[PDB]
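Visitor: Single-letter residue listing:
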Amino acid sequence: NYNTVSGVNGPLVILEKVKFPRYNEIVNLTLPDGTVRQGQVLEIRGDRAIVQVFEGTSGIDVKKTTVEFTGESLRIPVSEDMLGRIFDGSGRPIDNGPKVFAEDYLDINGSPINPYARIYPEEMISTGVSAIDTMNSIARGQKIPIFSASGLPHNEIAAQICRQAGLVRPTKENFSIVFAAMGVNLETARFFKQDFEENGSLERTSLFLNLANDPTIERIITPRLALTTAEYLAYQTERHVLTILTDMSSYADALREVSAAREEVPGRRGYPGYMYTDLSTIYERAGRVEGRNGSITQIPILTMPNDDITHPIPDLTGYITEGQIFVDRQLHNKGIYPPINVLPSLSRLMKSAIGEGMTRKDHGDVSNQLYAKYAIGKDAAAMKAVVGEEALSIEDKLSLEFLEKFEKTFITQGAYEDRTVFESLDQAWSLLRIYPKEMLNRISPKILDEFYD
Amino acid sequence: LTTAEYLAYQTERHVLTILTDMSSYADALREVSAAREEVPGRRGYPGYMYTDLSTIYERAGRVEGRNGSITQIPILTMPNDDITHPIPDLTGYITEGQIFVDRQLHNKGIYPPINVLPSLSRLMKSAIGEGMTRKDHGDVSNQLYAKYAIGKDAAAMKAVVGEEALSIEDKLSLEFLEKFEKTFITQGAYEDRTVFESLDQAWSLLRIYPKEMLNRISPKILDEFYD
Amino acid sequence: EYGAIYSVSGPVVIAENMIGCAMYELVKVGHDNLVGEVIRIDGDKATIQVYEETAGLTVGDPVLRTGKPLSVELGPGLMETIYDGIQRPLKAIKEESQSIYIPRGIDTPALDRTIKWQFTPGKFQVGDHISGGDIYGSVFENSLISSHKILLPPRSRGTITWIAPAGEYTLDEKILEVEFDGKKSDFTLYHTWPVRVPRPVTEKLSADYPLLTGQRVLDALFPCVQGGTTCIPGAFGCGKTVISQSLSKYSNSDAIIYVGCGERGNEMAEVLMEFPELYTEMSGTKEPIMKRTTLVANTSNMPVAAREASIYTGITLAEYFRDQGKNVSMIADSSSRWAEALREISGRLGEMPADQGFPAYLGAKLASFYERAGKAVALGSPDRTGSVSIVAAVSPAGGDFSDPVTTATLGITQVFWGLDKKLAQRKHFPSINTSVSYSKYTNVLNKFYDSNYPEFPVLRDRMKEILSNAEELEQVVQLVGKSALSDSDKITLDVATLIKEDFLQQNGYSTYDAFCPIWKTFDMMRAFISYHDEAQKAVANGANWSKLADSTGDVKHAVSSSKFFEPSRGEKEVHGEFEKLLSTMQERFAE
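Residue numbers (UniProt numbering), protein chains in the order written: chain A, 27 to 198, 206 to 486; chain B, 260 to 486; chain C, 24 to 283, 738 to 1068.
These are computed hints drawn from the structure, not numbers from a lab. Among the clues, some could well be false.
Listed next, the in silico DSBU-like pairs over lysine-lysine satisfying Cα-Cα at most 30 Å (straight line) [unchecked claim]:
1) C:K272 - B:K384
2) B:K394 - C:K1049
3) C:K803 - C:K842
4) C:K898 - B:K411
5) C:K917 - A:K417
6) C:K917 - B:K479
7) C:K206 - C:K91
8) C:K924 - A:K441
9) A:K367 - C:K917
10) C:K272 - A:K43
11) C:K899 - B:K438
12) C:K977 - A:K367
13) A:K226 - C:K803
14) C:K51 - A:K90
15) C:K959 - B:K430
16) A:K125 - A:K43
17) A:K226 - C:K917
18) C:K917 - A:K438
19) A:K438 - C:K941
20) C:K1049 - C:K1033
21) A:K470 - A:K430
22) C:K114 - C:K272
23) C:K139 - C:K91
24) C:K206 - A:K90
25) C:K899 - B:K417
26) C:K941 - A:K411
27) A:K89 - C:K206
28) B:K411 - C:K904
29) C:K941 - A:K441
30) C:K924 - B:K384
31) A:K89 - C:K51
32) A:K367 - C:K1014
33) C:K899 - B:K470
34) A:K90 - C:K207
35) C:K117 - B:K384
36) C:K904 - B:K430
37) C:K91 - A:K43
38) A:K394 - A:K479
39) B:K470 - C:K904
Please build the complete structure, drawing on both the sequences and the hints.
Guide: Structure below.
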């Protein structure tokens, strides 16, 4: 423990009279006011060292401050007692419970899965949504994001997902999830709390909550704690592990904040240059392990700035994670049930859960055909809105009514109402039945003869 | 600024401030800011320019308990004939109202080219009325401005379908626009006309339209003014 | 250790022997002891940024550092006192210095130490266990509100030893001597709290308690509960001042904290002159609105640190009033000024900008300022309930929503009520867009309103759907024609046109339309819904539209008069009129 400190500038710290410091090492900072703030090591050069303060350098004396350096890397007290108990972004109990006994002490950084040890995506699941089933399939253990807009029902729709998840999934042992928030709102915190309470999974799930009132470092560290926790659940606990992460936008802006605070050379749109890899840290951790029971299924949620899907946040999100489920502001103001954008939304593996032996052979072709009719309906909607109602072809009006019906009926089911995959396939066959016999060019003869009543 | 300040708080007299070529003072302030060898901001301008103008335009106002008041009306050239200019954007949210210049009116061989659309003043509420300027001021100002605007709309509409399609309010606005442009707009080089001359010329020029042709006029005003 | 300026570059000054001082700490620079703030610190030489004029400060002048950050004084003498961005009285500065200008480097107390107050011990004796927030006494402060509770400051817990209550004392006098684990300690009636740290509370809660705006449209469409958050445009000449003043006077909150960032001289002077002119309407007539409220004013010539962080001080004072167990409200004028000042501060701190000239801490500062509010229970033995309602205005330079201020305002505030200049130019009441108005507090407010059986939500959503159908009808009227529609469409259009006159529009100049009670608005919406429903029912009864419109005119004239005649003590008088509307249905069954 070195009681010597040299400089302080902005939200950072520099100490001297030390040697052999570790990269991203846990360091305890005892201030002059008696305040104990946790911090991580930034860099180490010779007899000089530089570290970053999580709680900030605000209200700290230069020569009156003492620091105890553990020297070990980033360390978290993971255990099996985390289920049912709530934890904060700082790791401290927010549930006002007693001291949690740690089963194992492991780095929150997370370990990249070996390629040969990586197992291919398989099986399937029922999210209770037709769009989370038909249009874009969701594999169990796979990784798919949710791109929403500010003010939109991101928290509510995600709540529908987390609530209907374990209920519907069995139709394809209850499913266990993990809730994670980084620099999130108090209103969204109350909404998520009431959602997790209503689902009754609060006993079977763990929550890591970092409030917006809390520091940015805690928000960035929340994702790591969730990564190690979900990893411990999908490997050590050998149970089905759902990973729910929220407020990625806050962690991104905070990342830009930390990147600028060090005056580092920024990349595109002011974010970090390692952003691809920085996101890939927790992004590529999802998957299945051969021979090891359980899996980590990543269902992240991010908010595009100014409702722009062309934003660098969403672009980097698609560049990191494979596939995404879009929430458009176009359909959110239409008043219909939750607004999924058919074009932008796509699945990582939609070919893994299809075909016979998994669910049915009527799934995939119907997805391609329905997507075709919907897109044709959109282009025909633009053409109809341009020239006129008598200036459009027969296929234009047919696809228009088909897309309108697909939006009013198929797209609109409910949040607390979980539609089974079979109901999705039936309602889809009935929606496609609205179209003519020569309408679907993406469908096979057998399925066409079979689906028509 | 200190000179105007000395004639207000101390000498207690009515003062008026005028700044010319604020663009040159902005480039000068740019060289002066670069004198600190700092990396310049957007388009080669200091980021503290908001505060730089904030210590400038804040030299105008009326003082409580002091008879002497200081008023300031600066002048600035918009870069490359663009209102997106940092100068215009800085003085925009800061200063109250803005007096622009129409390049069309200056290049048509006419008098002072202040575009009637763009011309505005926030203190216009306190500078007119009975006891201030005139009771015929605000209403007739709005009526003449509406006449010029609707006259421009009619100028474009008549440039479309022709003059055979000219409607009542359309032709009325045509004459009103032609007149307001070649007369009301015309002031002079050294020429200064009294406010009374302005109200009289306004009522007289707006007299070309009938009494019901102006919906911008009040009944009391119309009965106590038109003669 | 006393600091000494060894370098001066522009406004920034670096002083050696300042090692004792901390980061982001206030300091007195030069022989004049001018107000300044320490930015960085290198060894024994700290780099400080003076918010005041750097002229006159030379080398060899000892610089004394406060050793701590920027703070403010909460307690008695604070109310009915104007303050600046630096939290300093302008009236007392003009009264004392007797000058028309404010000197750089001058210093005066925020709270008056020359004001003697009569205090009395309420619920605190010697030997009783108390903590931060626990009431140590009661002293009458304002002429409007009840005696201000003086409580033992935060981070102080022990057994009381020497009580100076009851008695008459100033704000510089210690009103208590507390014995803690650290033995003998001194406590006063006045306290000092950091401007960057929000006031501490016992437990956090969600605000289900609705705040009365006094305006009909404000309470109906986009209602802001006490503790809730509301946003609007900062456009000048858009009539924001009228809505703001009407909101502050008719507020259901106990106190109001007004914090400006920066603006033109005419606006700040107009507000400064028109502030004290308001009178109370509680106990017949108490004091002025300036007495039970706090004002912090900073012009454009004021420092940028006194702008972006002024909202922090105002929110600190508002939360301090919320720490006393009273529902309050925080009003912020021209937040875009505090944002641009935060941009200039971003240029002054060397922090790399993010987008459109915004700083790096943009989202963090906005979220921190928006999350400090809300309804909660303050700490201490007192266990009093309180609230702080945040209300902000954003005035972007280009007006674009792509600006940081706009996206942050729309994102942070859960309720957004837009003010369109054209809507005020439509010769109508207070300007609000019927299409773009939205609030996220609708669910909780509706569920909470079901307790008092005051249910707007049904009639609110119904009138919303009517306004939407009328919007489609308006879109169709400019497409085909106004004479080609059906009876239902005509009834909806007429109901929409009627709703924009006698229902939505409420003049603050009148007696009964200045503040419309909950019963007044509820009865107005109920009578309107009764008329529309009676018309819709009469449409299916076989009555002609013209004959109905002619015969039911009396019901419309009677319903239009429910906005006047003062006091709502006789709401039942309106109910009879509603029955008369039903009688129109009986009149529709004849002709």
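Visitor: Taking the earlier hints as the rules, which of them does this structure contradict?
Guide: Of the numbered hints given earlier, those the structure breaks are 2, 5, 6, 10, 16 and 30, listed in rising order.
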